[PDB]
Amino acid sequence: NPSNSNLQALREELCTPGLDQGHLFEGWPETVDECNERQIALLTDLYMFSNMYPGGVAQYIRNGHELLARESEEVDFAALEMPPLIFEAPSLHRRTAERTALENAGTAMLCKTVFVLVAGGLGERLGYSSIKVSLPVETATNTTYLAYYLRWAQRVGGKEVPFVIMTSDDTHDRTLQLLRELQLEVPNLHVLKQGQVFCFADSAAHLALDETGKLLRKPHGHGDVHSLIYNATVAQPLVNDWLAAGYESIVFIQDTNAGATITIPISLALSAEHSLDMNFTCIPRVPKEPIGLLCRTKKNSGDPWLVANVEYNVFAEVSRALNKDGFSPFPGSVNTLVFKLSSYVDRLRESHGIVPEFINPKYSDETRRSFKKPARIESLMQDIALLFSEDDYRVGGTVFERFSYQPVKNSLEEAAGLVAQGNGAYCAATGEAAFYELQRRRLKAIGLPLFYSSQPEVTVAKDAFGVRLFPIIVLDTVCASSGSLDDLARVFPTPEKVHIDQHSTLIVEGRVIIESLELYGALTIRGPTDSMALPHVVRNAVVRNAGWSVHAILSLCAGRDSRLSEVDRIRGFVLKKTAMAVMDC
């Protein structure tokens, strides 16, 4: 679009004191016409940034100056204490009256919930070169995180469930590819791609270039999700469509935490019970943990309290300073965010989805602003909490068991180092192991008599630590529906007649009811894919076979070939699916 005249205007503007981007036009002709195609392209690139960032590149640079000055100082709050509105969730593995009440109320609320998945990252830091949502939740079925979230959402919210996936330049095309390949049909899905922002080569906010001579770009953070939604349309605003359709809540989830499908119904139920406009999903926190703390804050002695996440790195600094004169007192936020939709939209409309920003440069050496790598401005999706004043809104946190938090974020190497420090591994191995264990704890809670050893069955990361997998029991969304305890009880109506040996594998797909079963081995039971069809009922079943086993990937891993994939290598073991009985119909 941009005219030759506007590009010249921007070029000159960027050369003025306070912006000082003269280095960009190093060795250029005096007018636009005289400029070549590269040059005209770089200027156009600077120009079009206006349709991507408030105030375009000039304002980006000013914001940079302001933030670089800010982060050179010592962050600190005048006041910091426990959030007033904190609520304890009942255990996920005890079927009490309260848990039943919360799950059923929360599950009803899922019918009027909008879901948002932030998935703008690759899993390279894990040793995985593909998109994180293509990681399998477990390798028994190999169900991807993407399919896991979407099928659950379509199960609890119906086929036409409103669903947003935020992607980035890194993940976007592969996300679309995965959607297509999995044959997922989600009529009201919106894939919204965040744009990358320019980078600063130095502490004076001079823009960085790559080797090609083009402007360097990096992600602006998960904070982008709110503005992407604010600007999205179907042509009325996206959120208008949701409100008018009767939707009442909106939930934000991250890319590799399968626990969200359990915590969410409870958070919704509690949000309603306690009239919460924003509800942070939390867990008891360990002092050495890369998750934020939910705190009541007063930035300056003048301001009103604000309930907000204080990122781990920042609380590592504020903590160490001042006071007015075995977990953290304050909850750890896992970034499953639950909102009342009307309140969310109000704040969204007011802010245009813009949340406070920050910059966090990595320095070449200890104490001079020579960047090790170019820095850019970032934002966090949870910082939208800062737009909810205590006067007008109720922002709180729900505390769940730590076990319900199951992210896959660390490589095997990192996990080994973390485990040595007594910290959580949060790697692919413990993610998969935790998923299987979660199913077992949920099933035992409704009376399924599962007897199994607590000992690890395989060791990973050079014998650093072990996990166990068996017994493996995976029920799909047609079988288990929402996964509530009541829903599980529909699959096992007489659980005391179901005897699954500790070494067994049970995979259930479609409309299945298991009344009685003795299983010593691996079994797949399939029923109708239609949730409304007549169930396949299993009675007096006895199945014995060699079943499955698991073993570690050996250190002697070089080879012309092997069928080990990155997916295998990042968890350090492989299931051997030796035998399998199938009961169809």
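Positions refer to the first chain, counted from 1. Basically, rigid core = biggest C-alpha set you can superpose within 1.5 Å across the two forms. What changes on going to the form deposited in another entry:
Of the residues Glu413, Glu160, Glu81, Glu124, exactly one exceeds or equals a 2 Å C-alpha shift between the two forms once the rigid core is aligned, and that residue is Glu124. With the core held fixed, the Cα of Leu554 is displaced between the two forms by less than 2 Å.
Alternative state: the form deposited in another entry, after the form deposited in one PDB entry:
We keep it simple here and write out only the one chain, dropping partners and molecules.
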């Protein structure tokens, strides 16, 4: 595509004052023909960048200057207060008329919802060498985050549910491999891969090179998802196809928060009840948390009010700098974003999916402009909220219980550090434990009589903290459908006759109704995979066996001839699946 002539032009352009990328061409021949393969190839990806980024490498460099300049000054907003449109979600564990009404309205709206999963990130912190969505939500069934989201979306939206996954060079091939291995058949799935952007070796925005002498690249953030969608087709633009098909909402989720399946229906219901074009999923924030804050903002004294997320790392500078004339003053945003499709599309087309950018260089010294590592420009998918003026649109937030936010983000080591400071662990152990506890709270909400200790059953991270797992109850999507309280009531139509001991394990797959059961041990019950089949009904069942246990992974573990995997080690315990009764048919 790129002619040898065009390449020389770009080379010369990049050497001009204000771009100053002469260091890339040190020791090069005057003209292209004279240049070799290595050289001609470097000039190429510089050139091709145009097709990946607005205004190519030249504009990228200019944006860097503008950002690096802005990044020296203290952030400040003329005004900062509570967003006008904030709404409290009813508890997920109380079956009130309101909760019922909202779940019913929301669950119906799921039939007309487009789903989007951002799964391009590496999650540096974890100490898991594979992709985040390949993590199990829990080790009872080992269902991956990927499968969990997809089966749920196909359940509430039908097999043909529109679904977008954003990958990156870091996650893409493994994502496709996982889809293939799980034998997930998702007809309207679109996998969209974000491209990498160049890096700056310094505050003057000189491009960094790697060891071999090639242009160093890094991801541009979860912000890329909007442009990826804008430019995606199916002949016809993707979003057009969705609109023409009758879809009315679009939802964005992140890679390791199982809570989203619970919050989303509620949000949809509230978005429609309160006519919200954009609806931020929130929780009460603890002053220290690495989650952003939902605020009403005016950056300068003359600007309009803008409802938008302010990231945690920024709310620090703004904190002390801006004021004069148990939780954070403003809601914490968990980045489950709920949009009215038509409103979303309008702003998308206006901006070409392009959202405001930033840069957050890491310095090697206190106050030397020297970079410890090359920096690149970033973007946040939630910053699309900046394109929604208060005049034309209604942006707001829905506040849920903190318990419904269950990310898996920190390693065991970090988690011990956080917990010693009294902060949330948000690690694999607490993620799995939170999942089990969520099923239990939901089930008790429909009257299932679960009695169980609140004491931890295992300690992790060198006696730092403990979690409990039991009793373990996991119902698959065929069994539990959307997971609404009404849907759970269908599995247990007479919950007072179902007695699950605190040490028990109940796994249910397919079309199953449990009327009466006494369980002291582990039990798997399987019904027809076909959701429209005659359900396997369980009455007067009595099951007793050794069941399962959990124990900690000990420091004195050889790791040799041990089937202990990273998945085990990052949570610090292992389930022992000693006995299991199985009821089929």
